[PDB]
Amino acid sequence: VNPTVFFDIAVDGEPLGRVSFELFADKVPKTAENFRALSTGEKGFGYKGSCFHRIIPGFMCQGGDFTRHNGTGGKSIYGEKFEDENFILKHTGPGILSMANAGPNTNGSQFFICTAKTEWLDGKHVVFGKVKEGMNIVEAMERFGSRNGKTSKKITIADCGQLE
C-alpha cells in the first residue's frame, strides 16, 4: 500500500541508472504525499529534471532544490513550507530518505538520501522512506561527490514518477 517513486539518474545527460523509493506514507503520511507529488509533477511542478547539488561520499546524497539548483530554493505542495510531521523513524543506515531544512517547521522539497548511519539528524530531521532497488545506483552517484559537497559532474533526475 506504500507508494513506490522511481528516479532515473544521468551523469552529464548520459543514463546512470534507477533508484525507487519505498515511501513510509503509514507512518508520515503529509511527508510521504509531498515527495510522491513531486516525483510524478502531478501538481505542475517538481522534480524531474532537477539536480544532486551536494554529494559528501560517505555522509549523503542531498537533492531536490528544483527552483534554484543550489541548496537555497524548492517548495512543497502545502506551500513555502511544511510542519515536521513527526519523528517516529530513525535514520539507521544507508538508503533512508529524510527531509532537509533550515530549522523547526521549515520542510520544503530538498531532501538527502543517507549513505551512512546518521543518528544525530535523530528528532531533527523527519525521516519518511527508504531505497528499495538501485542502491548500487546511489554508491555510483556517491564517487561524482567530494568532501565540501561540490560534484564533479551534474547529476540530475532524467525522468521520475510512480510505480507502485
Second form
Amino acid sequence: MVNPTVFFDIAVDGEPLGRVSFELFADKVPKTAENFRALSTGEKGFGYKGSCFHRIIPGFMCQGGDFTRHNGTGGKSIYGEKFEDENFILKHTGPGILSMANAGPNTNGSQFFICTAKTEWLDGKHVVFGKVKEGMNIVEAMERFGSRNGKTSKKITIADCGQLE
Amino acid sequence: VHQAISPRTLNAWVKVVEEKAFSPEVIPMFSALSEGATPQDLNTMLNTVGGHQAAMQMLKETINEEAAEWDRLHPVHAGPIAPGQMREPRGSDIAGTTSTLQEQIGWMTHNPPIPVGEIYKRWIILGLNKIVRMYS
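I would like to compare: after the form solved without the partner chain, may I see the structure of the form deposited with the partner chain bound?
Following is the full complex, with the preceding chain placed first.
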C-alpha cells in the first residue's frame, strides 16, 4: 500500500446521498496526498468530517474542504501554514480528478476540487493528487445541486470520512 | 468596444504637465481627460510624462500602497476559475500590471461591475494630490 485510499460519505441537507472513494497519489505527490489523508481521518483533531461543498459548477467541478469558513476564504493544512505546490506532474485529464483548490501559487491549505470534466487549462496552476476510485455517479449526483456561479441549492456535506485499510 | 485614449487627449495631457509645475489644475484636468479610462489607458497617460522622476516616484509609491491596501481588504476566494467567469481582481490587476485589456473591460463591463478604471483613477488622484502638495 504506497497510495492510500480515502472515502467521503456524502449527505444532502442531512440525507445520505452516497460514498465517494479516492486513490491518493502518494507515489508522486506525497506531501499533498498526506495532507488530504490526515484531514479525511480527523487524526490531527480537525479536518473534513462535517464540512460542505460550498462551490459546485455543473460540467466543471465540485469544490470543498473549507472546514473553517465554509466559503472559499478558509481552510488549513496539516503543516501549520499554507504549503507549496509540490509539482504539476499529474494532469487534469477528465472526470474524477482530485486536485488542490488554491488561491495562487504555493497557497495550499485544505481546499480541493473533484473535476467533472476535462479541465486541461488547470494544468500547472493546481496540484492534482488523486482520483475518484468509487462513486463517480455520486459525484455526478452532487453536480445537480450546483449552478453557474457555484452556489448550491441544498447543503452538500461530508457526513463522514476516513481512510480505507 | 475597445476605444483607446486618443492621441489628441495624450498631447493635451502632456501639454498640461509640461505647462504646469504640477499645480492644482492638473487634477481636474486629469479627471476631465481620463473619462471612462481603463487601467491600460490610465498608464499610457501616465507614462507619456517624462522627466519629472521625483514626482513620478511619489505617484508610483501611492498606487503601490493602494494596491496592497486593496489586496488586504479583498481576500481571494480559493478555487479554479471556470470558463467564462473572471478571476477576482488584485491590486496589480487594478493598476494594469498583472492584467490584460480584455480582462479590464471584462471587469468594467460586468453586471454587477467592478470599476477597475475608476478605482485606479481614485488612487492616481490621491498620488497627484501628494504631488501638488509638495510642489504647490
